[PDB]
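*Asks:* The chain contents come next:
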Amino acid sequence: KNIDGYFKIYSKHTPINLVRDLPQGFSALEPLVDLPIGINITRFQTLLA
Amino acid sequence: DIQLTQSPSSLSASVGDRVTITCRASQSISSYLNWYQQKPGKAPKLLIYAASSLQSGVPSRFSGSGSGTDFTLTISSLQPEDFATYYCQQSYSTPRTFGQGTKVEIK
Amino acid sequence: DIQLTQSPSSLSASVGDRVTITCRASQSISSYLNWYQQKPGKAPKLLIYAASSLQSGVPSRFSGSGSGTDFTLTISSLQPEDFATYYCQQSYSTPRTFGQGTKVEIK
Amino acid sequence: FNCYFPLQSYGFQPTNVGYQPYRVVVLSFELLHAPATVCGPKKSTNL
Amino acid sequence: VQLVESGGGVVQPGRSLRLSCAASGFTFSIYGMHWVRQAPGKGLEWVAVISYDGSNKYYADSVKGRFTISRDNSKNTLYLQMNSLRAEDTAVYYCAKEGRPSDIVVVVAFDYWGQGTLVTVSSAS
Amino acid sequence: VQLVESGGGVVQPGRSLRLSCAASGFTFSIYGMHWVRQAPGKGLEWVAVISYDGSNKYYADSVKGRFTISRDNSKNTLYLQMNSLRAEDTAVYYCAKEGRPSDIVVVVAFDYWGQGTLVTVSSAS
Ligand SMILES: *[C@@H]1O[C@H](CO)[C@@H](O[C@@H]2O[C@H](CO)[C@@H](O)[C@H](O)[C@H]2NC(C)=O)[C@H](O)[C@H]1NC(C)=O
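Residue numbers (PDB author numbering), protein chains in the order written: chain A, 195 to 243; chain L, 1 to 107; chain N, 1 to 107; chain B, 486 to 501, 503 to 533; chain H, 2 to 52, 52A, 53 to 82, 82A to 82C, 83 to 100, 100A to 100G, 101 to 115; chain M, 2 to 52, 52A, 53 to 82, 82A to 82C, 83 to 100, 100A to 100G, 101 to 115.
None of these hints come from the bench; they were simulated from the model. All C-beta atoms in this analysis are idealised placements derived from N, C-alpha and C, irrespective of residue type, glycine included. Hints are supplied without guarantee of correctness; some may be wrong.
To be verified - Taking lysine to any residue and the SDA-like style, the derived pairs with C-alpha atoms no more than 20 Å apart in a straight line are:
#1 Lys107/L x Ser67/L
#2 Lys42/L x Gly16/L
#3 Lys94/M x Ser56/N
#4 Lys45/L x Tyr102/H
Claimed, not checked - Computed beta-carbon distance windows for the label pairs:
#5 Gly526/B x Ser30/H: 40 to 46 Å
#6 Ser74/M x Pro59/L: 30 to 36 Å
#7 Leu226/A x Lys528/B: 25 to 31 Å
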């Protein structure tokens, strides 16, 4: 999420066994970093190997 | 003592030329030169103070610049009445001293 | 190809004598001859460039003059180290060319 | 007067003081709607 | 603002003389005052400075011990007591006022000069 | 600034030879570079010039077509390729640099030369 021009990343890694869809579980995500991009972001691309 | 050395000691140039007179201090005084114009037989006239501020009534062609140890007096375009002896002078600490003098003559 | 001719091709003179070497260009270059001094077995040394201005390290006895097509190399007071072959050289246009050389000899 | 290669060279030699080579660093300071990543430190006071 | 100098003349070597600089056109009692001398055909040489109240007095290297600067804020007059005169002290002496042109007051500067008076140290008649 | 030459010697008429001029002590890549020859006992004859970047190339009339100047700005070396050598091409060849006084940048003068290398075109053993 981008707040006040400050680009914020919240992350959480969990092992799962249901490969089909998202599990019915609760996970709490904690902050990684804050960064100053500050633009009219309208798109984002995932990058896959 | 803070020693101020002017260079050149003298120079010849013609009206309309751009001249540059340098005064270098033995130690950094960091804004404290004062530039004067002296004519033979009369007391000097102040030109530039704090090495970069033009004193009232002096033409805008006169300009000084620099801080620390390297300083310059510049006259953009010479006129006949500007041919004279110019002294730098420090005020950073006592005793106050002068440069040895720079004479501007006609070429 | 602009041709440079030096006159005389050689001359005999004594120490202290006033020595004159002339270089004539086929067409006007008007300030662009360069004068060189060469001792046998060693590379030439630039003496005058732009046909009237002295190289740093060259004694003041060496003087250049002339403009257009008529140029002069002059040594005010001939010295023992001035006995050598002297070349004029033009840089106005390409290709660059040399005069034939004037040999200053001992009378 | 045609061309004049602009990159002429200063000749630096002790014989040259108005022409004395001096090494200069220029600082330009600017801030644009971002955290000031440049800061001034403050020392620890004993708690 | 006017600075009238006087006290010059011929003095034999080794005697004494007092120079005067009468101040007018400004509040004298708030400014430092300087003496500046110019040997005949030579450059300017700072001589002596006195604080506004006369409690602080500094002198140049060549005149320590011999020269005494003094002040009279009532008459607005500046004095320079010169003693043990010698041949090298021959110079046109100026009184001068501190002054500062604008707000860069952290410059403390130099300004308007008196007309200068000639002092000749000589045994000639 | 050093200009050390090599590659001279005796060659039978009509064959080819390569002169090399290693430069040091200055920025090689931005200067024009010259060749000048002097046959035994005669005057100085200009040979060839190459631009700083190797694009502009001019030669004397007597060497047009046969002589090729070249440049390697990586090793800071000047070359002159000699082809169809003849008797009149026997000479001592100098490599040299343009050079100027700077203030006067309206001359494009001459300056430091190589020491020179001898090229003798003769079929004698
Ligand atoms: C951010 O960029 C978008 C376009 O990618 C801007 O959306 C346009 O807004 C104008 C109004 O000023 C509309 O006329 C356009 O039709 C919009 N574009 C599209 C594709 O609909 C948006 O205004 C920008 N944000 C800001 C604050 O200027």
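*Asks:* Give a verdict on every hint.
*Replies:* We went through each hint and held it up to the structure:
With a C-alpha separation of about 31 Å, the suggested pairing of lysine 107/L with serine 67/L is violated against the 20 Å cut-off. Of the pairs offered as hints, the one joining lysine 42/L and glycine 16/L is violated, with about 25 Å between alpha carbons and a cut-off of 20 Å exceeded. Taken as a hint, the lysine 94/M and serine 56/N pair is honoured in the structure, with Cα atoms around 17 Å apart against an allowance of 20 Å. Straight-line distance between C-alpha atoms of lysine 45/L and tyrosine 102/H comes to about 7 Å, which keeps the hinted pair within the 20 Å bound.
At about 44 Å, the beta-carbon gap between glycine 526/B and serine 30/H stays in the expected band of 40 to 46 Å. Checked against the hint of 30 to 36 Å, the pair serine 74/M and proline 59/L fails, with Cβ atoms roughly 56 Å apart. Between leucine 226/A and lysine 528/B the Cβ separation comes to about 26 Å, which falls inside the hinted range of 25 to 31 Å.
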